[PDB]
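Okay, here we've got a single chain as structure tokens, the form deposited without the named molecule, with questions on binding and movement later.
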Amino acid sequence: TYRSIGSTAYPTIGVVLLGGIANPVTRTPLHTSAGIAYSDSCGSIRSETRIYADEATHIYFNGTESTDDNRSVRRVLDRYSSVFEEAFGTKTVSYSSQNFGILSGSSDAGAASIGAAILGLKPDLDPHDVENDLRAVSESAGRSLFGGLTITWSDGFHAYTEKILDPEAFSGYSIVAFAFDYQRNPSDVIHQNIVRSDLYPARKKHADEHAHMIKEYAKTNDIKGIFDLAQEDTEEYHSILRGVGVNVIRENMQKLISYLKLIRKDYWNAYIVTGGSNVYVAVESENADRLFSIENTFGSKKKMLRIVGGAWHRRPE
């Protein structure tokens, strides 16, 4: 007796960076990882989803209907067919997705907002179980589903996401994102190449250690400790990637990073580079406008970001 439900989720940044998935269908992370959901101050940077009763199955991405390259979304929609039967009176549903202002981490947001829609129609479903199905759409969906600072434990067969700190724990902090024009390496290029490194078995253990250290830091809200560690993790991650032919940190990004080391002598900052052509800089809020004003950006564009919460839905219509 309903016909439609809308949902929203926020994009994510890794703080213990994931590389390697169990297989391209289920996409279970091969090791433990960690991340944060982000948006701007108005929450306008976001991914929105609508799932709705239809006569035939349509899938739309940013307004554009898709004919293929949509098997993962379709798979999730089929597995929860009974949820749509019960709430809408039909198994036949269409899906519409729209991204706003996202830098990196958009597929995570898209996956979580699907989960939020499904959870909105059947709220006694276990979000940790639903997350398992969402990973087929994006392997780090849990970061956006649960929001704040999360850890996703994984042995490559089972993975489990837990929220470690609320977005409020980061209210004294900001992230200035520097967005560069370099074409990014696709997610799958990173996953495929990183597992070739003979450093990879150690990397899996180190990622899990970093997650435990982050959880320790969380006990006393040592946010600087967490971002300092994320930067260390960033540098190991990309060191390994460069060794198997994947160079994310391109020339002007290296130049920005060098400059960041200079001003770190003046006031605290720490940076993160995920899979895309962005440099994310954490900074105490009292220095955020200062950092945001630097003129030496080496061609990049600046966005002011903050840590935000998990995915949510509107009332079904």
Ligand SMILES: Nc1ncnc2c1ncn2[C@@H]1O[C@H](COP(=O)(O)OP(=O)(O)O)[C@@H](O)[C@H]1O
Second form
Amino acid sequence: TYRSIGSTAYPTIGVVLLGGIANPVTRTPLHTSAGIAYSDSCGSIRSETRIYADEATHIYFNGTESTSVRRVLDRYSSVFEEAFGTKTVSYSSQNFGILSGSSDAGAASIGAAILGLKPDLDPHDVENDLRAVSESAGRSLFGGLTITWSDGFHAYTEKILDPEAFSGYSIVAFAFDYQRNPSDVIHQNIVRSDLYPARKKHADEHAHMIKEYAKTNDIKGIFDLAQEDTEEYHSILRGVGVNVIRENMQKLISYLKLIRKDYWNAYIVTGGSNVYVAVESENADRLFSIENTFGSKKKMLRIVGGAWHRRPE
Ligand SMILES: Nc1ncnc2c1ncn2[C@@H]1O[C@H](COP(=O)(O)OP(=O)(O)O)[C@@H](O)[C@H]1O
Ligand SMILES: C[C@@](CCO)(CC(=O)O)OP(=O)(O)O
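I would like to compare: after the form deposited without the named molecule, may I see the structure of the form deposited with the named molecule bound?
Time for the whole complex; same chain goes first.
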């Protein structure tokens, strides 16, 4: 028997932005969404996880002990008993350079560690258990561009494009320093909007459009749609009191409308205080070098693959 296993996953960015979860425990998405897994050129932006045999159950985030994760570990106690010789395992996670979408990565890394222990497991089944840790875990488990179909009862994640399809594109992230609204605050309020039912329908409509664009690798059509979805999403949120796009972020966006005339770009805003800007590779350095970032820090990002594990120790 072994003593521990390591694994790694990459953070995610919504493309069809998810708002609302069926239940605070199982965290099933109330509607269909889509996303991409991202990192930087070196793959340095990531979440690393270690699951190991222990006398008692410990959960560690960035070296800090934590009093959701235990639920997943317990459900797969049989896997660990076989691999380690005990059901009692501890979890240790370390995040690096992640902007938004950290929880997705942490959850996916758990899944890839489990699949690494019992490879014949159905990853789509494991994904269901992982949503308790983060509702968008599928994005990071499968990588690339995914669509997660959902009616609020059952959710299923599908790979639509590999990261290689995005070889000609880059994402420049502008990180602002504004305090962010917890994701749970967003899920809680968006359902209160009168426009929510319509939003659930349009979200599904957009996902289908993304799948068609995928047929001919219309990468630009997909990011353009993501900008439109971003605008709808955050209009609904503002209407319920959740304002993600703050002053300097609005300013950056207005700047982007001008630059778009010069060379193509499209932006996405999730729940955090970041503006993600899609752009062609030949223009990435150019965008990355602009001066008036309105106090924001800049990161160069790429689309990457799904969670993976290492040989058991
Ligand atoms: N590596 C990890 N493993 C498990 N849970 C994590 C990990 N990183 C963060 N989390 C949990 O997810 C929460 C943040 O999730 P969320 O609000 O979705 O932020 P983000 O959008 O950046 O993921 C944190 O408060 C933490 O409790
Ligand atoms: C709010 C959102 C996910 C919340 O579960 C929207 C989305 O990306 O689909 O973004 P973020 O919290 O990961 O930043």
